[PDB]
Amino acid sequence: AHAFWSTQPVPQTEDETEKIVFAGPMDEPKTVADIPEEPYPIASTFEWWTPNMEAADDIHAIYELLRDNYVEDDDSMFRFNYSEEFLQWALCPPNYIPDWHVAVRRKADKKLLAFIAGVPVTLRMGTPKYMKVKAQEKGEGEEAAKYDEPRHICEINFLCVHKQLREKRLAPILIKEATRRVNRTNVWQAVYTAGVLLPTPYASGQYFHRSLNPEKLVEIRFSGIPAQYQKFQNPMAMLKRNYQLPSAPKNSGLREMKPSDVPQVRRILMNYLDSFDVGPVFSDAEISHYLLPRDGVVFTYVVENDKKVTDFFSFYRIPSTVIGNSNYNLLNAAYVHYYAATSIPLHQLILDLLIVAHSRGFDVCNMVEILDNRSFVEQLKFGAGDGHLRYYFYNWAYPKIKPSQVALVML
C-alpha cells in the first residue's frame, strides 16, 4: 500500500502501534560517519538549493511557492497564505540550522519547484504515564524509563511540491534529503503533523472553530446557517447575536507581554506543560522567540494585577486565500497557541483571547483538542470541524496516547 513509507523506520499498522509499550528508537544505532556526505541524487534538470530564510528575497521566493501550492481544501475554496514575516519567525528559532531548510529548483532557470523545512526542538517523548503504570505492575520500570530525558530532535513543516509536479515521487526525495541533513547533525528522531492518515499516528484530535465574523464566514461559505435558525424571521440577525463578544477585555490587568515577563511566563508555562505526556522544554531564548508579540504574526497577553504575572495566553495569525468569492480576498484566522492559567478559570482567560482577536479584525479562532482545549469548547461556543490533525514521530516507537496528553503546538 505504501511504496515509500513501507521502507521507513515508522510503525507500519495500527495493530502494531497498539502493541508498543515503551518509548524508544526503531532503527539500529548509526553514526554521522555512516551517513552519505553528498546530497541524495536528483534528476539532471533539477538542483538542490538552501535558501537563506533570513534574507528578504529568499523568504519571498518560498512565500510565493506556498501561496500558490500549499494546503487547500478538496473543494478548492481556501488555500493557506502564510506571510513572509510568519515564515521568518517559524523557520528561524534560537540555534536553528540553515542546512535543514531544503528546496529544489529547476537548474535551467532557477524556478522553485519544492520545499521542506526542519527546525530544532527539545521534546519530552519518554514512555507515557499509563504505560509506566503497566511497567510497574510487571517489574519493567527500568526499560520504561530508559528514554525519559528530554531529547534534541527535528520538527518538520512546510512540505510542498509545485502543482505541476504532483504524483511524480518528488516528496519522498525531499523527505530522504531532509533526513540525511538532519542525521549529518547527529539527530535521529523527528516529529510532524498532517491532516492526512499515514503510517502511523501516536495521537489524533479533531479541529475546532469559533466564529468571530459569522456574516463573512457564511458569505465565503466557510460556514453555513444551521437549520434551526430557519425558525426565526431574520436568521442572520440571530446568528450574529449568538456569536457576539464584548468590545474590550474583561480581565483586570490584561496587557501585552514584554521582555521583562519572559522568566515568569517560562515558569508558569513549563509547570503546566510538565503534566502532559508529550511536550516541549523551552529556554528563556525560546520563550522570547515563540511568545513575544510580533506584528501580523504572534499576539501574547499576560494578566498582571498588583505587579505579579499570574496567567497568559497567545494566538498566531495564518490568513488563507479565498479562491472563488468575488467579494473577499482573504480569511483572517487566529490559532490558539500556548497559555497557562493560575488565578482564574481557563474559560475566563480564553474569552479575552476571543475578545482581542475579534477586536483586531480576525474572522475565526481555530484550535485542535490538545492541551486543555476541550475544557472551554461548550461555554465559549467552539464547534468541531471536518477531519483531524494526526501526530507522528520518525524513528520512535511510541504507545497511542489521547490528544489531551499532547502539549506540542505545531505552526
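Basically, rigid core = biggest C-alpha set you can superpose within 1.5 Å across the two forms. Positions refer to the first chain, counted from 1. What changes on going to the form deposited in another entry:
Superposing the two forms on their core leaves just one of 268, 292, 77, 119 with a Cα displacement of at least 2 Å between these two forms, namely 77. In this overlay on the rigid core, residue 100 has a C-alpha that sits less than 2 Å away from its partner position between these two forms.
Superposition of the core reveals a Cα shift of less than 2 Å for residue 339 between these two forms. In the core-superposed comparison between these two forms, the C-alpha atom of residue 183 has shifted by less than 2 angstroms.
Complement to the form deposited in one PDB entry: the form deposited in another entry:
Partners and other molecules omitted; one chain follows.
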C-alpha cells in the first residue's frame, strides 16, 4: 500500500500499465495560474532552501549529504560518492532552472537534511513503435502519434533524505515541492529512475559490470576471488589474465573529443538515438555540456577518419565508498554514457572505452542494459550485477518497453 504514490498521477499497477496503448498525460490539464504561488507548508523547525550551484559551499553541502546518505546497494557494500565537480556538471546543464533544485535545511543550524534536483531534458516520449503498429491495426494512428514531438520536461535525480530523518515522510514533501516548482514553470511531466520498485515502471534493466582492476576488486567485493575461480591452481593470476586489456586504444584515429567536434557528434548521436522509443534530444550547447571532456568527471573520445568523426564514446566517473573495508575505502567506477558507432562494430568501439578507462585508473566499468549495451556484454566480459534500474514517468501514460528501447542515460 502507498499512502503517497496512490495520490499521484502515475500508473498504479502493472495491470494498469499493460493496458496502456498510447503515450499521453495522466492528470487533469492544469494551468500555471492554478498552482500555489508559495512553497508547500513544512514544519517550523525546517526551511526550504534553493542552493546556489555557483556557490562552492552550497555544492559542498549537497556533496556531503549525498556522500553520507545517498544510494547504497541492497547489501550495503557500497554507497555512491558523486564528486563536487560532478554535481556541478550534472545539476547545471544549459538553461537549467535554479529553482528546480530543492533542499530542506534545519532552520537552527542550516544542516542540510534532504535534497531533490530537477534539470531540463528534451525527451522523445511518444507511443513506442510496437504500440504504433497495433494502433495502425485499430485505425487509431492519429491518437497514437499525438505526442511524438520531443517534449521539454523535467529530469529528476539525487533525491536524498538524511539517515537520521528516514521514514518520517520527508520524501513525499520534497517531491510535492519539486512538482510545484516545475509546474509553475509550465512543465507537467518528469522522467526519473530508481533501483527500487515503485508504481509503476515503463522499463527495467539489469546492471552490468566489467572488471578493470581485479586485484583491487577481490580485496573488496566480488566475494573475494569469484567462486568459479577458486577451483584452480592460481586464481588471481587467472583472474588478471581474464580481464587484461591493451595499454593503448586499438582504433587508430581515436582521440579525445574537442570543441570543434560538437556539430558532428551531435549529428551521429541524434541519428543513432532515433532508433529508440524513449530518448533525449540535445542541442549543440547540450552536447558540449554533457560530452566535452572534464577532468575527473566525463571522458569522451571520437574516431576521426579522413578528418571526419564517424564514431564516438563517452563515460563518466562515479566513485563509491566501500562501506566496511580498511585497505580500500574507494571504488573508482566508470559508467558507460552516450556513444555512436558507424564505421566499426560496437564491441570494437567499446573495447577502446574499457582500454581508456583502465589506462586512467578506473577499477570497473558499469552500465545498465539500455541502448544497445547488450550487444557487447559477452565479448567484452561484462557480468550482470544485483542491481535493476527502473525507468518512470510522472504524469505520462506509457506502454511497457524493453530496456533496449531506452536511450536516456541516467547520471
